[PDB]
Amino acid sequence: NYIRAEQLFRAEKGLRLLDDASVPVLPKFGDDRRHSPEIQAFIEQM
Amino acid sequence: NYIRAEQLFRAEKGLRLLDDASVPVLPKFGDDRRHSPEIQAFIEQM
Amino acid sequence: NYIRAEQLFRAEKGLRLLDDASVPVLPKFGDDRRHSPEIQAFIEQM
Amino acid sequence: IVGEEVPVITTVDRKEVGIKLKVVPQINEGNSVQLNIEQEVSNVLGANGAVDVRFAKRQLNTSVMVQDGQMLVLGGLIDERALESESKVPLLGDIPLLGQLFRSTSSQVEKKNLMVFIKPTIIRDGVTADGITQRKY
Amino acid sequence: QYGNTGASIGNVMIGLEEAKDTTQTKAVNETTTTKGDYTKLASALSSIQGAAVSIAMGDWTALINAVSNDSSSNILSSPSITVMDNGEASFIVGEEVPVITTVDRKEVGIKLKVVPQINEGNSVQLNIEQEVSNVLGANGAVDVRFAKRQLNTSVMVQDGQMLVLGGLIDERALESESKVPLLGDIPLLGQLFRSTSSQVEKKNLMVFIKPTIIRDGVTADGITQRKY
Amino acid sequence: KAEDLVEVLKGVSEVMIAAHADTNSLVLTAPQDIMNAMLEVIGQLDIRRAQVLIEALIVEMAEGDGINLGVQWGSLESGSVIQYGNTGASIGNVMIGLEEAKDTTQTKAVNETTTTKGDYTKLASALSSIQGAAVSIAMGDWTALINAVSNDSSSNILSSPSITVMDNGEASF
Amino acid sequence: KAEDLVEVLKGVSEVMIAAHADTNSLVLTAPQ
Amino acid sequence: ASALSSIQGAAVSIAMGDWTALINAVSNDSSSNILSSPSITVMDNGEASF
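Chains A, B, C, D, E, F, G and H, in that order, give the protein sequences.
Heads up: the first sequence begins at 29 in my numbering, then just goes up one per residue.
Heads up: the second sequence begins at 29 in my numbering, then just goes up one per residue.
Heads up: the third sequence begins at 29 in my numbering, then just goes up one per residue.
Heads up: the fourth sequence begins at 226 in my numbering, then just goes up one per residue.
Heads up: the fifth sequence begins at 8 in my numbering, then just goes up one per residue.
Heads up: the sixth sequence begins at 2 in my numbering, then just goes up one per residue.
Heads up: the seventh sequence begins at 3 in my numbering, then just goes up one per residue.
Heads up: the eighth sequence begins at 3 in my numbering, then just goes up one per residue.
Hints listed in this document are in silico derivations from the structure and should not be mistaken for laboratory results.
Treat the hints loosely; a few may be bogus.
What the hints assert, rightly or not - Derived Cβ-Cβ restraints for the label pairs, each shown as a range: (1) E:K234 x C:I71: 55 to 61 Å; (2) G:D6 x E:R222: 40 to 46 Å; (3) E:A154 x B:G58: 41 to 47 Å.
To be verified - Which residues of chain F face chain G? A few of them, derived with a C-beta cut under 8 Å, are: (4) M17; (5) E41; (6) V42; (7) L46; (8) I48; (9) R50; (10) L54; (11) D104; (12) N169; (13) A172.
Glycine included, every Cβ here is placed at the ideal spot set by N, Cα and C.
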């Protein structure tokens, strides 16, 4: 959770030239893998 | 506590060009790791 | 105490361009480590 | 192996690079197959700088037990990178409107995925081998 | 003049004078003109990262230089190898690179070599050797130098729970300064005679491991189905 | 591990003890009493191993300071210098460099007169080593070169590496 | 450490003394 | 330049009637003071390098 906190803070002030969803951030502890927000949005449609 | 005292003194007269929270300083004896002041502030909001 | 005497004499006529508290001097016999005078002054405030 | 033998200094020696799969199955007396597997995917990269060519090599060699006709995942890698960099005067580059004139920003995001799966199939009768060969043919 | 800065006023002024157009006169009435090379000025400016601004006032040229380099890096790579109990597995995504010794083939990259054995239920014991390398140029050295961060240990992890093998937390602050001294002490005008170089570095590494025990075929199919 | 255990149990047996590696199971063959003994040894050598988290902490704090100031003198017409090696650059190389940098003229009468600009390479070689203020005050052909600098340095470093280990096991990091 | 102790105890025994390293425990077999 | 490079001090040429008297004088005063103490913590009967 220390690193995850660091990475969430990296995502709040994000890459200036790129979308803030592109910065790698650990999943919440114990939740394994998550699809990207856009990809996740796409998946629900199909 | 000798080194910690030295480092606190380094933090009182800090880096002139950078924020004084960027100088590494040992945590108080026995307290392990602390988030940065700004990061800590961010964490409480979420 | 011979060397300590030499070093105290080095501290009486000190570095001409630098503060005389910067010259290393042995602590009084048996007293182990001492904080610098300025650092010591800082410590008491906190 | 589908690939190429390339020579490498040592003298010199012939080393094989490419897609290579070396497998040693043994069959539980029905269904599940045990696999001692050594799997590599390589290719030749120029040496910069190095004494001799450098092989890009991703291999995993493990021992798995897979059901008869079902797929099982041997291996994988999921890699993500974000490298941001910046330079500025500083003070002038802080201004919101004109700051972009004094800043140089270099941002990069890399991502990579590797999965290695294996599906055995047990051929016992001749009609099974003919059934598989017929569709792959 | 200061060494903290990218380029020193000496090479800059010398370069600017070499860049000027020189004229060579021989009277009696020949006068030749020639343009000077920029190679010294080009050699002086090549190292500038930042703002280097020459303000010429009364033949005294004050060269101001200032820069703020802000860098960041964020990396997650997780390699999973699926192993038979008590069996060993190697995993490498990387490259074989030759190294003098003669020469030899040494593997660099993400590599995980694990030898699990299973407590007859739940907890898994792991003899693990884990390395993350990459090739760096040799400066100066006889041969390429591998950047290598590895930890090889033996841990005992519960069935489906994550455990932290290793880590590093590194922090650095390097401040440097130069001044006349006396003039650089003045509060208002001191910044004219000072050269300050400050730097703050920070780094974090955690290495975690999650085993999962596959016993039934439905479990392997359940994992393979989601990773697929 | 069976391999470790079989080796240990050889002596207790003295019966055959064979380690099956892949199943990590060891096969005991003995009479009844020796069997009940070796099962009580194996029972007590099979215990769980606690595991330590070793967290080192390394603190390296450096600090530095220095003040180098002095005045040098020179007259190059009849070469006479007050010259010092403590300083960044010595008045000799500086005055020589400044003279080499001047524009030289070469005259041949009868009425040819040529002019040529001098190189800075000696002056550039003299100034390259200056860290500080080197200021030449020229008074009555005596050029006094003052030089003064205060170098204040600092360093602060914390790195702590933690390796998590099984008890009695060794770990490299 | 068991390895140091087993070596030392060989003479006292003179019975089998075996050092189990991973548990750092030594197995004694002797009369009462 | 080769002759002056080695001067540490005052070298002053007084030219009088084509006789040039070169005076040279210097006082080099140096000092050094150093304390370093390394402490290694050891198990009894065990050896430690630092």
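For each hint, the structure was consulted:
1. E:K234 x C:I71: 55 to 61 Å: holds, 57 Å
2. G:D6 x E:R222: 40 to 46 Å: holds, 42 Å
3. E:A154 x B:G58: 41 to 47 Å: Violated: the Cβ-Cβ distance is about 35 Å, outside 41 to 47 Å.
4. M17: Where the cut-off is 8 Å and the nearest Cβ of chain G is about 16 Å from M17 of chain F, the hint is violated.
5. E41: violated, 11 Å
6. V42: holds, 6 Å
7. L46: holds, 5 Å
8. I48: Result: holds, 6 Å to nearest chain G Cβ.
9. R50: holds, 7 Å
10. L54: Given a least distance of 19 Å, the restraint on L54 of chain F is violated.
11. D104: violated, 83 Å
12. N169: holds, 5 Å
13. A172: Result: violated, 14 Å to nearest chain G Cβ.
The structure fails hints 3, 4, 5, 10, 11 and 13 (numbered hints given earlier, in ascending order).
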